[PDB]
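Below you'll find only one chain, the form solved without 9-aminoacridine (AA), shown as structure tokens.
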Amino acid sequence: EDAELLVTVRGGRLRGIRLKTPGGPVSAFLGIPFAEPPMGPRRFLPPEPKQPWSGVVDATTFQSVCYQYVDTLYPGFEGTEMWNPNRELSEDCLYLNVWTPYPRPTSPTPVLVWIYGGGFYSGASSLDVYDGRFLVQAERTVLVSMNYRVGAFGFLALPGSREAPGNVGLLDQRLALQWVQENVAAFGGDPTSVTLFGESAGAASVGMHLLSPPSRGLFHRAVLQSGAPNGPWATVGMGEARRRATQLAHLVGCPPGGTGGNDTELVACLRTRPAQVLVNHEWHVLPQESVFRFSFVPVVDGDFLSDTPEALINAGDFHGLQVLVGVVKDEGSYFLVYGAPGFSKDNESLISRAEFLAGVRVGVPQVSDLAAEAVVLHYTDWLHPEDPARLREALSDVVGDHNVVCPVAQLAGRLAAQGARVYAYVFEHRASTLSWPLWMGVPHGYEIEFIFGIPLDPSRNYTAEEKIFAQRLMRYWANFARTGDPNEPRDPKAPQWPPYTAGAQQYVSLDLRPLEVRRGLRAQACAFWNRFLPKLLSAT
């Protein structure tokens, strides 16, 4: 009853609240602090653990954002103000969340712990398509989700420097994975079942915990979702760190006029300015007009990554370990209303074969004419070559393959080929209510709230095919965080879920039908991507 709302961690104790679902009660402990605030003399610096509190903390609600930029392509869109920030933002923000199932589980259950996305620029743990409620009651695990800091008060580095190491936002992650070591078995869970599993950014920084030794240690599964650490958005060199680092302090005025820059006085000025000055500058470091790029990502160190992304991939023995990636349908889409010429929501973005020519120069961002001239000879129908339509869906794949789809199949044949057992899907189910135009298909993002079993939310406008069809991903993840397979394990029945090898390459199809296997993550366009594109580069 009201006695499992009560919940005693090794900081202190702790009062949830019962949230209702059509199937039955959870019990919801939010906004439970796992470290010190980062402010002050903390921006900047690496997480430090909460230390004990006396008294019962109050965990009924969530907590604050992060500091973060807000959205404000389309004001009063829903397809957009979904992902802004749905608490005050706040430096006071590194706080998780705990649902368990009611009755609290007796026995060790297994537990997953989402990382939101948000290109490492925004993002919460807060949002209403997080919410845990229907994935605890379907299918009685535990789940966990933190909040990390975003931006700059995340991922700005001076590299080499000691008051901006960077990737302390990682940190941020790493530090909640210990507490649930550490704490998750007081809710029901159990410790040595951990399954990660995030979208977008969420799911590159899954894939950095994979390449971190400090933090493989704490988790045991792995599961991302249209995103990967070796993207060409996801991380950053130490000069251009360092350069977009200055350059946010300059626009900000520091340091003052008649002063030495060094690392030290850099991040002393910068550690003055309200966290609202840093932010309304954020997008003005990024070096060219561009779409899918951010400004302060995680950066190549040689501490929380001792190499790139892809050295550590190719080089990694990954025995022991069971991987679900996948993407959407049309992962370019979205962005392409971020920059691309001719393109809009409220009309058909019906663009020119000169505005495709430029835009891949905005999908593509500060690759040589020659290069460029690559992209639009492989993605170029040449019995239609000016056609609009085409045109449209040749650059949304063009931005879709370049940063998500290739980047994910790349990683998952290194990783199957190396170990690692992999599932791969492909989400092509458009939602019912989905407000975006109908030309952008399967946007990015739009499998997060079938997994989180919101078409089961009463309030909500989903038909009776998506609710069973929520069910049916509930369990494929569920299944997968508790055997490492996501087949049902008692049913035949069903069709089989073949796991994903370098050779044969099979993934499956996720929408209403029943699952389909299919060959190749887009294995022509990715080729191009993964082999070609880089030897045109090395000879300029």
Given for the second form:
Protein chains: 2
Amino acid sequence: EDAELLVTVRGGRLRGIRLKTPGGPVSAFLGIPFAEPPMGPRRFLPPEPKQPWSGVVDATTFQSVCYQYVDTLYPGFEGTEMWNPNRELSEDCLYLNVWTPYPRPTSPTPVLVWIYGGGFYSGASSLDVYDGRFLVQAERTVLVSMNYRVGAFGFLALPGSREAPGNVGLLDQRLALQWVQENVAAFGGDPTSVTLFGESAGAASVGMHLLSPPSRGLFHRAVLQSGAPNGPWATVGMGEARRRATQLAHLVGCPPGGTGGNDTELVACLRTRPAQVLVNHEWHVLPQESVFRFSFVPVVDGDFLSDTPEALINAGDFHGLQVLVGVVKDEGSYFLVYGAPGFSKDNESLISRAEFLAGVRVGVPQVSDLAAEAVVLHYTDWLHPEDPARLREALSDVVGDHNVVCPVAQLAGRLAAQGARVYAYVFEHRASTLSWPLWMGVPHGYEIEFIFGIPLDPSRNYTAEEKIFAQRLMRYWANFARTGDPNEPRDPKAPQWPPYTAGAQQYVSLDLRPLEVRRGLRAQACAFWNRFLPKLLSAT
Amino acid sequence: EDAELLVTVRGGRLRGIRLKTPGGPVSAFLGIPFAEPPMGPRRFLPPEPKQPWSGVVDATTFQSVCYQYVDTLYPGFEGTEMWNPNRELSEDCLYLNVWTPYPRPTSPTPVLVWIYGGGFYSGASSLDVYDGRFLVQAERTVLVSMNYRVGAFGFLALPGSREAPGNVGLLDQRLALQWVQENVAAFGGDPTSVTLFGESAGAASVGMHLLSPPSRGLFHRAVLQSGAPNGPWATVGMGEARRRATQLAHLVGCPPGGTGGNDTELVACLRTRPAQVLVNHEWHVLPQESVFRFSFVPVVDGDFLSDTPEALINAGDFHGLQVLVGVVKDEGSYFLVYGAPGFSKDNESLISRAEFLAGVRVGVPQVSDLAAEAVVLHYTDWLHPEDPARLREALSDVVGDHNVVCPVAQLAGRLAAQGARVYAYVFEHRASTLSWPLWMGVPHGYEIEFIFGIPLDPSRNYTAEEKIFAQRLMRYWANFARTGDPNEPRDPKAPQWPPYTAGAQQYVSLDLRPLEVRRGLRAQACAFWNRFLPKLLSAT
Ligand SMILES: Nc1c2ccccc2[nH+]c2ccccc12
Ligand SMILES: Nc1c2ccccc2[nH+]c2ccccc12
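Switching forms now, from the form solved without 9-aminoacridine (AA) to the form deposited with 9-aminoacridine (AA) bound, please provide the structure.
The next block holds the full complex; its first chain is the one shown before.
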């Protein structure tokens, strides 16, 4: 039994821990170092592989969370605290976790690699909602999740320089993927069947690995949940990245008045500042007030991304690839209480017409006044142009379509039309234990707990129907990891899940009811964002 | 008997004719001269009142149709021939007609005054579909209709000149309205209860009389059917009117060659030309290929209209005015076989996507490429962007909303929100005898025969339900003429017709089925035409 907790990898030996589930035990190896601690002169630098170690590295608990901003707008509120760090913050944070079935698989098993979201400024693999013990037990797969540097530590970019090239957080994920290739077999996992899946910025990170050649060889399938690399928030230009990095330096006293200028002196001054000092000024460098916008994100500089995600998606050859994409029913709802006027999570947020018009400029920042009018045209119900409830749902749709649904829809249609086999879904079940207000419906990120089988946790208060619903979702994700097809391999009685095509645009609804096939991922609204609005911006 | 076929008016004595209907006889006085013949030096000039005459003028048949283009694209086809002139063409055409009940009313009776449409280039009061014998018999009202000069003879304008001031066709209508005030009492009509009604350009004419001070005092209620004065086709600017008048002069050899070209010499040369020669070159002066655009239309010059109809509608106080407005179910359908590529009345007109994109430029002429993209964005169904039947219906909606529905919807909203009581309808019954193809549905102008009680004609082959339906509509129109309210004077048993307001935007469906209340006259589409598109053209 406890001999299963002893595994040797290329770096050395490891001791794991045995976790309990209602259906049996699993073996987890939490806190495996896959990189040298990116500290001191290594801040902002690409990761280096962890040197081999003597003795047995204890891997029985999660390691430290990378330095990140902490949401403190609602102390003690479950809806926000569940995403906050549950371990101490540290720059020594490049650790990964491996869950493997008990008994250990004797034949190679497909591997699921999780990349957490959080706007590229937050997140951790140690969060309770990312506990992979239920997915591994119920579906007999191998699950891996890694920590990657977020915020300035992972994505501050002075493009062209060696001291801070940017995208090192994406290189942290890649190094963890190279680690899975070289070591996941020691846990019973098949390195020839690796499926990346992520949510929010983790879904965008997956898409960027699909578009980066050095990462394409490290996995074979991809799942993008509520995120895409082509969104208006997932990338930033070289000129803007340099300005955001320079503004952060000025706010922390870099350069010292007034000797300084070039990137070497600026980064050297940044590396002497305490990590928390850099965190405390992260939101100051945004150009205007907004929601769903983040300071330090992947930068398009020609290295990791040789072109914009849109350019690479349009010019890509995706034959032989299987992708699973999807969104939740209410992508933009929770963001509204983070900047839109008239919005509060503790009332009904029945905004006025004036508040809706001002909120459009917050949910769609830096666009012209004419473009904002075009947004108001599409999302105003002109039969009830001042109904507060409709204006509330309209602004949520504005933020959700512009940031998630339509970037995902453009990616899915392009992938399916250029070789890849695509499966699309819309998650429509609102968890019974959801602490956010009812009007938010199914907010961004609240399909994850069902994908990871959290309702099976006996200490939670989920319903019996939600546990069955979670098992069906884990079966979908595991079938896709095993064979590239979420449908049961040889089950005709259950309703079937058809692939997504650019012409039929078919997707399924994931809720307590059986599968239901629908068409169009908000085709009318996404024609405005993906087709017309760029023409409106170019002409003006 | 025959004593009621003799009537004296201010100009002299008249002999009418007894017309027969299935319900009873009617006295008709057809072809009453209300103006001096606008011939010779009177061409392009405002009309003079008809001088008194000796003896008895025979008013037993319709007079000559004003010179106009004749639709010869489908010889013998009922759908086009029914609008073509059924009398000789002549510039001596300023005559009107009076239908009065039998026996002649003893107390003053509400008067209906019909103004025919025809794009201001065609039409006549003598058309079979405008026969007022059934409306006068069934509802015992006095019905009047007049001829007005159309085309260049009524609306050629060299603005600022005394020889061709323009809008003389509208002045022909005004003179007929003055004639009704001075003479309709001799027929039993009440000059204090005059309800104007017209269709298409006639409806646009009614709207311009509402916005002209000298005409507003000549009537008390208005019915605008499938037309508005604020449409993109109903008016023209001074500069464009001068260009079209000068182009027409050039096509007929004016100026001769070697002489000046001022307005006095140019109009004098136009007066020497035969009338048919001017008609033959009317279509050769439009700026480009289009549909629902007409060469010589009312001009905005500060005289008849002190400003644009849109400006006057906005700044207008309409308290005390009752208006009935409406449209047919498929306004733009028939126009498509007159210019849009791929369309034919003798097939299904299942156009391709390429033909739809080109047809938008024909249906919406003189707009920028970016504006056309906005039209294509709104009217494309992006779940079926290339379905031929949907594209055919979409281009019909493009032409109909742009030219009729949204101009009418804006007028009705501004009238209601500024003092007037407005009633709105949508005519959704396709006549059983309709010769146009089925895909055209209920084309522009095919509610008129039901308003005039034409199905009651026993020589026609309408169904028994259509006869009952025509009696409902004649009751609606007559009630509105009598009381300003289309609802019965007292009948809560039958479904009611709620007034149109800018907020609720309620209208009724006119078809074989009882009244059904609906909300919004293409509110989403008309928000694009009336609100957004002007902002798009202004910022380009
Ligand atoms: N910080 C948050 C998230 C971070 C990563 C992924 C999903 C998330 N959803 C959230 C939903 C509401 C509030 C905060 C959220
Ligand atoms: N010349 C026409 C019209 C003229 C005046 C009013 C309505 C009309 N509808 C028509 C419908 C089809 C063809 C010609 C038409």
